[PDB]
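Enquirer: Turn these sequences into a full structure, and let the hints steer you where they fit.
Single-letter residue listing:
4 protein chains.
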Amino acid sequence: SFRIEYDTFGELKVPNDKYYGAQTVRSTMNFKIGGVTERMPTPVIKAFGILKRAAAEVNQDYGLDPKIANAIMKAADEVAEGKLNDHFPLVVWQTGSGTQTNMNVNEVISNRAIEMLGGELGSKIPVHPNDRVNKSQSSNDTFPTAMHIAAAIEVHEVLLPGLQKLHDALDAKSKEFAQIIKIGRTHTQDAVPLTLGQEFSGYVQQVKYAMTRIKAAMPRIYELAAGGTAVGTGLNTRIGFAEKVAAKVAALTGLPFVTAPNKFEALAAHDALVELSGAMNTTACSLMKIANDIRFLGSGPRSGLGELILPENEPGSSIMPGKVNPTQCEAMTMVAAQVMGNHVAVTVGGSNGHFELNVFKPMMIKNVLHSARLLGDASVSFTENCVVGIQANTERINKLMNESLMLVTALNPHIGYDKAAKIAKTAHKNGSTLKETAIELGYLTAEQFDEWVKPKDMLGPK
Amino acid sequence: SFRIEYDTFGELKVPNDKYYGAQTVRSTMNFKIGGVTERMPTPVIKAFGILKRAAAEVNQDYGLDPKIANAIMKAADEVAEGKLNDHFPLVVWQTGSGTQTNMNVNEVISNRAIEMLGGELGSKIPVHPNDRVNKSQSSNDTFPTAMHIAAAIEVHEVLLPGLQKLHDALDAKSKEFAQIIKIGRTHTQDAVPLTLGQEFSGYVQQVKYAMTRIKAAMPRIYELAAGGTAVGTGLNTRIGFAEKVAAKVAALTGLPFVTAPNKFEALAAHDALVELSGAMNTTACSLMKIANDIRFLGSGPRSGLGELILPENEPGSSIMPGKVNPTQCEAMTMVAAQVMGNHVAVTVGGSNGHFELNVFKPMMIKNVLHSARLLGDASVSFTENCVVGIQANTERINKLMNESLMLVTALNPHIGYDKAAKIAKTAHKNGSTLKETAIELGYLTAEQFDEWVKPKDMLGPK
Amino acid sequence: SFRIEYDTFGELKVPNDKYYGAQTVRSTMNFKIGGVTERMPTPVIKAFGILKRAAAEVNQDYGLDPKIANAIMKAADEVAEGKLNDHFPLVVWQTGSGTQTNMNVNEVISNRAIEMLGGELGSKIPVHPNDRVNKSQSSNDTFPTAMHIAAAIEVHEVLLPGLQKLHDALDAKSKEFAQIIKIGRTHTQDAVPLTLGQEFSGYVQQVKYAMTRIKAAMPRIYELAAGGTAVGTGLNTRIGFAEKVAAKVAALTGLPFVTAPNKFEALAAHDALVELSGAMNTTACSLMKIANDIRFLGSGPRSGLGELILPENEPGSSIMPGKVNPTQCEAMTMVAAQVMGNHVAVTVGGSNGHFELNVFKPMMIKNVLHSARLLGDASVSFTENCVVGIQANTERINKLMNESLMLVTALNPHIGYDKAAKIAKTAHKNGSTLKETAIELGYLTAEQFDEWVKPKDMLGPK
Amino acid sequence: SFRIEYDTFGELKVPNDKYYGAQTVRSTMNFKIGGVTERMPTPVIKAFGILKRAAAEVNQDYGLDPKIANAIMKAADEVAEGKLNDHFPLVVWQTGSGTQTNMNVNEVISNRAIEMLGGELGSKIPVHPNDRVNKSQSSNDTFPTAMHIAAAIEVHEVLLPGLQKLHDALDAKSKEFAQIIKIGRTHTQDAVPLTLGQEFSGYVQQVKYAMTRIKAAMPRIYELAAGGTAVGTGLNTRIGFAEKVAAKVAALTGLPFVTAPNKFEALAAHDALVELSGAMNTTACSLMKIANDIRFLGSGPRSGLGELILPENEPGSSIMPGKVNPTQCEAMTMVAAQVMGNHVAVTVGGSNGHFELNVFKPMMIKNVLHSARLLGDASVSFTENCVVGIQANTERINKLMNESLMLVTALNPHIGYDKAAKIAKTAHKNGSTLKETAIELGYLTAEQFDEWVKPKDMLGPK
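Just so you know, the sequences run in chain order A, B, C and D.
Here full-length UniProt numbering is used: the first residue of the first sequence is 49, the next is one more, and so on.
Here full-length UniProt numbering is used: the first residue of the second sequence is 49, the next is one more, and so on.
Here full-length UniProt numbering is used: the first residue of the third sequence is 49, the next is one more, and so on.
Here full-length UniProt numbering is used: the first residue of the fourth sequence is 49, the next is one more, and so on.
The set of hints was computed from the structure by calculation and includes no laboratory data.
Take these hints with a grain of salt, some might be off.
It does not matter which identical chain is used: a pair holds within one copy or between any two.
Okay, derived cross-link-like pairs now, SDA-like style, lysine to any residue, Cα gap no bigger than 20 Å in a straight line [unchecked claim]:
| no. | residue 1 | residue 2 |
| --- | --- | --- |
| 1 | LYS473 | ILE367 |
| 2 | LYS172 | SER365 |
| 3 | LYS256 | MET266 |
| 4 | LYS80 | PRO363 |
| 5 | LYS477 | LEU448 |
| 6 | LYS447 | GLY352 |
Expert: Laid out in structure tokens, this is it:
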């Protein structure tokens with residue numbers, strides 16, 4: 049069931065159905081931290097596939113036999129395509145350079161390329177893990193490159209598409225609610241009117257601005273460290289390798305990757321990941337507000353605010369009509385809190401580089417990808433299972449507009465401030481409406497009230 | 049105007065009306081970071097006065113002349129009593145060991161004692177700042193001792209008394225509201241009843257637990273670094289000085305200070321400050337919940353929840369009866385947010401010690417004292433200006449109870465499930481009460497509803 | 049391959065090899081957030097097994113048929129024993145009360161108990177998920193109970209045992225290094241001596257204190273919410289149920305669980321989880337310092353500090369003798385940063401309760417358990433793969449003690465301060481040792497130096 | 049002594065020498081939280097002066113009498129110029145909309161203008177605080193406008209200039225050290241060479257990227273809330289006032305302020321402050337790395353790394369040549385830790401808006417201004433008192449290069465791998481240099497070593 053390989057510490061059994069080798073087995077023994085939920089994120093593994101395929105193709109310019117390079121490229125493609133995910137058992141909590149995962153990737157690509165070429169597994173023949181798959185590379189500049197490839201692809205494919213769907217659904221709900229006037233709330237106290245459409249347009253702007261902030265963090269993510277080798281000098285690498293690898297990754301991905309102009313900055317720090325996390329942290333603040341507002345605006349049916357009817361996600365009860373838990377609001381605000389915590393973990397790691405190498409890399413990229421996926425996935429779920437189904441409770445909104453004390457200020461140009469306050473004071477004391485009170489005191493008629501108090505004239509400057 | 053003092057780098061102008069000297073002027077030239085709001089917290093300065101008073105009294109056992117010791121003690125007392133606060137211009141953002149503030153204290157006490165002895169300011173005759181005021185002490189073990197003295201005093205005099213007042217005021221309201229039944233809220237949806245007294249009793253328990261948590265953090269704060277000297281060994285101090293100065297501090301303050309049993313832990317780390325900040329961080333979460341709940345329970349007057357009437361302390365508008373902004377809730381929840389951020393500042397500093405000395409000391413104690421003072425002061429203000437005057441809106445509460453759809457389950461034993469549901473569903477569609485609808489459907493009589501639906505019976509297990 | 053079940057939204061296929069039902073299937077469709085690394089932690093699932101077994105046994109006092117109760121107890125035991133982990137596919141990012149996981153647990157326990165009794169899967173006969181497995185319970189008080197059971201077991205079995213091993217290994221290394229004198233470092237500058245044993249005793253004290261802080265957070269974790277039902281009143285539950293369930297959980301676990309004295313505080317907030325996270329946050333600060341110190345003390349072989357020889361964890365190179373990457377230091381400091389971020393996520397959730405129910409529960413317990421397991425697992429790994437193998441580089445330590453300028457202060461009682469400084473100044477200028485310089489200037493003999501400069505006399509007070 | 053003013057709650061003693069009035073005295077009575085270090089930041093007060101000056105000039109278009117407008121403008125100018133700072137006693141911990149400070153500003157400007165018009169202080173004649181100084185404005189849109197004005201000015205005048213000085217000083221050192229070769233460090237282990245110039249160029253790039261990140265956060269800060277009034281609709285302000293007052297602020301400041309295109313987003317949230325704090329958070333991570341590296345590179349003189357000689361700004365001990373504490377590194381890394389905590393405070397506040405108004409405004413702007421000022425001031429101090437005077441310890445660097453085992457790979461083409469390894473292994477065991485050992489083993493000549501081992505050739509790709 050197993051073959052036998054060796055490292056400098058002793059003999060190791062490797063399962064015959066596995067493409068990794070002795071270094072990866074030793075690593076599962078030396079880094080038993082946290083269990084399977086801690087495995088290196090698949091976007092990192094796939095990004096390594098993209099990177100090893102670009103390096104193999106470029107290394108033909110520097111003496112790599114095309115037959116060996118072609119097998120490496122095909123094997124790297126299978127990694128990048130997600131066909132070999134089961135051959136990566138290592139956790140985030142390894143060396144802070146990600147060396148063990150670089151070797152896991154070199155081992156798997158070598159053994160699969162060996163198999164494609166007819167050799168025997170575990171043999172290093174004819175594709176040596178370090179000499180061929182890791183040719184012209186270091187763990188020090190490859191893991192950072194994989195981080196930025198994975199981050200950019202996840203932003204492009206998961207995070208922004210999720211936010212875009214949320215933006216568009218909130219914008220639709222904003223135009224659908226454009227004529228529904230409700231009582232505003234400041235300090236949670238009753239305030240002057242605005243439309244539900246206006247209130248929702250604020251959410252739309254926040255999501256639009258979140259997308260812009262995330263996009264503004266991407267140019268530094270597109271800088272790749274490949275070619276910095278061990279300490280950033282590019283020692284033991286060939287001239288032009290850095291530019292060529294980056295240009296190859298860009299063509300493979302369709303994204304504007306470039307080589308980092310300063311490889312010392314690219315190896316000794318991950319400030320671009322701190323900044324991207326910062327943009328997700330702002331996004332989480334925006335989404336906390338939007339989701340918590342929608343939560344409260346749907347509270348009720350009778351002892352809450354009751355402006356919105358949220359779609360049911362849980363089984364409703366026949367005995368409990370109108371009760372709807374805001375389920376997606378809760379998942380989303382829990383996600384928002386997680387992103388804020390992830391951002392502090394990214395910050396602590398990003399602040400703790402030493403000399404030529406920051407060695408917090410796996411934890412930093414784990415937290416960035418975790419926030420990116422949570423935000424994108426929750427944005428989709430919140431859209432499809434809550435926002436698109438939101439309805440306005442117009443009867444309750446209309447009833448509360450008539451019962452509000454806030455519109456009393458439309459009477460001042462007609463009967464004077466002092467008589468307006470007496471109406472408001474009296475209605476507040478008696479629990480009556482402004483209209484009932486304004487008439488019961490003989491200050492005006494019902495026809496005068498209905499003509500002077502028009503909330504649709506209280507929604508803008510004059 | 050000025051006098052002239054000298055250090056080994058040249059001449060310095062010292063204001064004649066100031067008790068500090070050359071080293072302190074030099075320190076103000078080198079650390080112009082942030083302005084006057086960044087001055088070293090007065091509790092640290094006073095704690096330094098206590099410590100120097102204790103050292104001078106104890107140092108009589110080790111050769112210090114009693115007439116010199118007496119003037120040092122009297123000057124140090126003035127520092128500890130807050131009488132010389134204007135003679136400390138240095139900011140938090142100085143050396144990470146606090147050496148500049150230690151020198152500031154030595155100079156101020158030296159010069160004030162020289163003045164009491166009839167000497168000339170700046171003269172070092174006959175009270176030398178380092179050889180007599182800093183006798184048996186080091187740069188490195190004095191500031192951490194002052195940190196723990198200041199934190200213990202602030203916890204004892206400001207933080208716990210403020211929380212005690214808040215606990216007692218919430219408990220009185222809990223008892224005052226013990227019979228007022230309202231509709232519960234889970235997920236912000238209407239839920240089964242509880243009293244305002246029960247809900248407030250949750251707040252009371254939270255504040256009680258906060259006080260226990262803070263008290264649980266004090267035993268390690270009572271351990272003092274004095275006697276560790278430069279690196280923790282006690283080199284260049286006298287045997288027994290560590291224990292004697294801790295006991296003298298205990299007798300001067302009435303708090304159970306002892307010498308730290310491991311001086312390397314006490315100099316190389318400030319884990320006790322991190323743990324005390326963490327207890328305040330939990331307190332902040334509790335206060336955030338309490339204040340935000342009271343904020344929303346007082347929302348209205350007509351488009352909110354309207355269960356509580358909060359005291360109006362700042363005049364409002366005559367045209368706006370019933371509109372009262374929950375301004376003390378806002379001060380308190382802002383303070384809570386600040387404590388959470390301060391806690392992360394404390395954490396980063398506490399995580400970053402190097403070898404024998406943590407050199408983030410001034411910023412860690414600044415954030416701990418800041419949090420303690422804000423929490424204590426806001427608790428007093430929130431108590432006196434909001435909690436003690438809260439009234440229940442019993443009329444609105446009673447009406448909302450009658451309009452709730454939640455109570456409809458008390459009718460299950462009497463008319464079966466299927467009829468109650470039809471009442472709930474029909475009331476929900478018509479906007480009428482459960483009682484109106486059960487009568488209009490002829491499923492029971494008014495007197496039957498009033499005898500079957502008793503919220504008083506829905507407040508406990510059976 | 050599948051059976052057919054229904055909920056109020058439509059027909060659902062349930063795999064026949066799965067013990068969950070339609071509610072769980074619907075939940076995997078409604079909460080597609082984050083993928084499989086986001087699954088509810090297994091310690092929560094097992095804790096639910098303990099809880100449903102205690103409730104079933106107690107519910108016999110309240111009309112539960114013993115035959116049905118016995119099948120429920122056996123099925124709950126299989127959940128608690130980890131035999132049914134594959135039947136829980138739901139993610140953390142569900143409703144904030146954990147309702148979906150409560151139903152997942154009720155469904156799986158019902159179907160497995162049905163199978164034990166001979167019935168057909170998916171039928172609810174004879175063990176109804178809600179009426180029997182959820183009898184006398186609410187999602188609102190069960191998920192909090194499972195959180196605290198899981199937290200206490202993880203602290204007892206993973207976190208503290210890991211820290212204890214680390215404490216004991218550091219204490220052994222401290223006694224083994226008790227006679228090795230080295231140069232201290234303050235501000236990272238050379239300082240007076242202390243032994244490696246003394247420096248390591250500081251680490252030992254930090255870990256001892258971390259264990260005490262964690263233990264001080266457990267009494268509030270041992271308070272269980274079971275019996276609070278929907279809003280904390282205990283409505284729809286039987287008198288004595290809360291005390292009996294808690295006493296049963298305590299007997300099943302061997303841990304001192306008790307019923308929460310105030311169920312409103314237990315449902316509306318999770319301040320005990322915030323406080324336990326706070327204790328882990330302090331622990332992370334302590335471990336960051338210890339691991340980073342050991343990292344730097346092992347730096348070299350020639351351009352670093354070079355006091356410690358760390359055991360190899362990576363394949364060493366023949367060309368690179370003495371180069372050893374501090375692999376476990378990096379995994380541990382990365383873990384420490386993660387705990388600090390997790391703590392902020394716990395804090396944000398803990399601060400955001402609303403009225404009767406905090407609905408951030410799954411994210412809060414996820415982060416607490418994640419920090420607890422990471423800290424315990426990394427503590428074991430750091431112990432076995434680094435601490436127990438640490439050796440002192442005594443030749444380099446001894447060589448640097450002889451080259452240090454720091455010991456020049458042992459000459460002052462013999463040749464006076466002024467002549468001591470001239471030796472230090474001259475050796476610093478020439479790059480020579482104090483001994484060479486003190487002799488070359490004719491201030492003393494080699495025999496006088498060797499007798500007056502004894503670092504073993506510079507390790508304590510006099 | 050005092051004069052007497054009145055609000056609707058009674059009589060208030062106002063100091064005769066103060067320009068504030070009844071509302072401000074009332075505010076000091078109700079918000080005694082934290083003491084004088086908690087006063088509203090002077091940049092907010094000055095920004096309010098700019099805003100009130102702009103509003104008064106624009107309000108001439110809307111009826112304001114030019115002679116009244118002129119005195120308001122002149123008084124508001126004195127506020128903006130920092131001439132009336134003593135007339136603002138209110139703390140940050142006030143209403144979450146900043147209303148008290150808005151009233152403080154209105155009263156101070158009203159009374160100073162009344163004084164210029166020859167009236168009596170407290171009289172409201174002829175400059176009414178709310179009817180003329182607050183004309184066309186609201187409580188709710190003035191404070192957020194002042195926040196953004198203050199943040200933009202502080203970024204432009206303090207933060208970016210400080211970072212610019214640090215960037216330029218690091219770049220000059222980079223060029224000064226361009227030819228000094230030293231041993232690299234990865235994982236803190238010895239690594240292949242790089243120049244001090246290359247390493248410092250990484251720092252330069254980090255500071256350059258920090259400045260770009262901060263600049264990228266300013267476009268949303270330039271959007272002003274003025275004109276949103278109470279809830280965002282602009283009710284009770286004039287058409288065109290929003291655009292005109294933003295343009296007047298732009299012309300007064302020379303910064304590209306514009307009116308916010310969505311006033312609901314601008315009042316309900318402060319996402320732009322969260323994003324600006326996040327850019328400063330990234331800056332803090334960069335500065336932490338730079339300062340901590342320089343801290344350790346200057347460690348010694350003999351038991352550290354010893355590559356850099358840092359300026360000695362505070363006198364040391366004559367008995368301790370070469371011992372220089374990196375005190376500016378400590379101030380800077382403490383500041384970095386503080387910015388990270390401030391950022392979490394900003395995040396919590398920014399996440400907690402409610403409906404039409406975020407009421408965490410004073411604490412959010414306080415933390416943003418605090419971070420900006422600390423970063424700017426510390427950058428200037430770190431530059432002038434450390435960076436500009438750093439010297440390389442070329443003699444020690446050259447010796448460490450010669451004693452390194454890293455260079456041994458240049459001998460591979462000339463004597464093969466196996467002989468070089470035996471040299472490295474033997475030098476490592478004997479404590480001798482690579483050159484001494486290769487000669488003593490007779491594998492090459494001294495002149496052969498000097499020609500084969502050229503570190504100048506190991507600094508780049510080939």
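Enquirer: The structure should be examined with respect to each hint, and the outcome stated for every one.
Expert: The hints, checked one at a time:
1. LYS473 <-> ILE367: Intra 40 Å, inter 8 Å, cutoff 20 Å: inter-copy only.
2. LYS172 <-> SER365: between (63 Å within a copy, 18 Å between copies)
3. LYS256 <-> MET266: Both. Shortest intra-copy (16 Å) and inter-copy (16 Å) distances satisfy the 20 Å Cα cut-off.
4. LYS80 <-> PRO363: between (41 Å within a copy, 18 Å between copies)
5. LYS477 <-> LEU448: This pair counts as both: shortest intra-copy Cα distance 17 Å, inter-copy 17 Å.
6. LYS447 <-> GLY352: both (14 Å within a copy, 14 Å between copies)
This entry satisfies every hint, going by the numbered hints stated previously.
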